[PDB]
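Before any questions on binding or motion, here is one chain by itself as structure tokens, the form deposited in one PDB entry.
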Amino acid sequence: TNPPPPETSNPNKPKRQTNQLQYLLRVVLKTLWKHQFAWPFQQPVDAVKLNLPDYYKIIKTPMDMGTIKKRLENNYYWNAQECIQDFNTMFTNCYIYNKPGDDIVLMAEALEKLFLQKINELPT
């Protein structure tokens, strides 16, 4: 029922560290990761364990914060936009699958607010 998780490294990619990518890992991702609402988002949705047979019928591009954290640690992203795209995909999946007002949606809303606050301060 579960797909293989997303890849977290790109072997042919040159290593390119930047202040913006360090900010995405150590300010943005760290802030959300340590938050009391992080845990539903820290690993791929396990539809077998959670008894969600339709999750991966509805969600075609799975994404979670564990994948984003590993991608940043492995320098998978060429730039900040690509990383921000994965965070947005994670939030989008939550809002498309779960009914508005469900607990996980209220949690996602709060995490997204914090995400956007930190992204607004991305160093130039």
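The term rigid core refers to the most C-alpha atoms you can superpose between the two forms while keeping them within 1.5 Å. Positions refer to the first chain, counted from 1. First, how it differs from the form deposited in another entry.
Once the rigid core is used as the reference frame, the Cα position of residue 101 differs between the two forms by less than 2 Å. A displacement of 2 angstroms or greater separates the C-alpha positions of residue 16 between the two forms, with the rigid core held in common.
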Second form
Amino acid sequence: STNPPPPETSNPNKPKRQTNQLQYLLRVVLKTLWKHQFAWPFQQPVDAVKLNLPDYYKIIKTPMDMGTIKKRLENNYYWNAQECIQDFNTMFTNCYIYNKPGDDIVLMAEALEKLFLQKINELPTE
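Previous: the form deposited in one PDB entry; requested now: the form deposited in another entry:
Excluded here are partners and other molecules; the one chain stands alone.
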């Protein structure tokens, strides 16, 4: 019962770009979330082997983590801020879908998402 390959962080067929908003997402939005006390379960892809969860990747088929998002931002993977924001939402929604609304991992994800929505409201104009 192994872990699948992590999501890609580069693609020669995908148009690379670098805007004012994407620079803000890497140095402001993702920066404060990465330094949060509840960030450690989300900085890497879900390790279903160490967690003894054989059913995680049987349910979640599009995993996402801050480590993937951070590496994608560093490599100019996205075309605009909307693409990067959707990866964040994917990371959050996967946690809310797989876990119970009262679990600690959900209470940690909800805290990160609220801080995420605070910094996104101050996203600069293109």
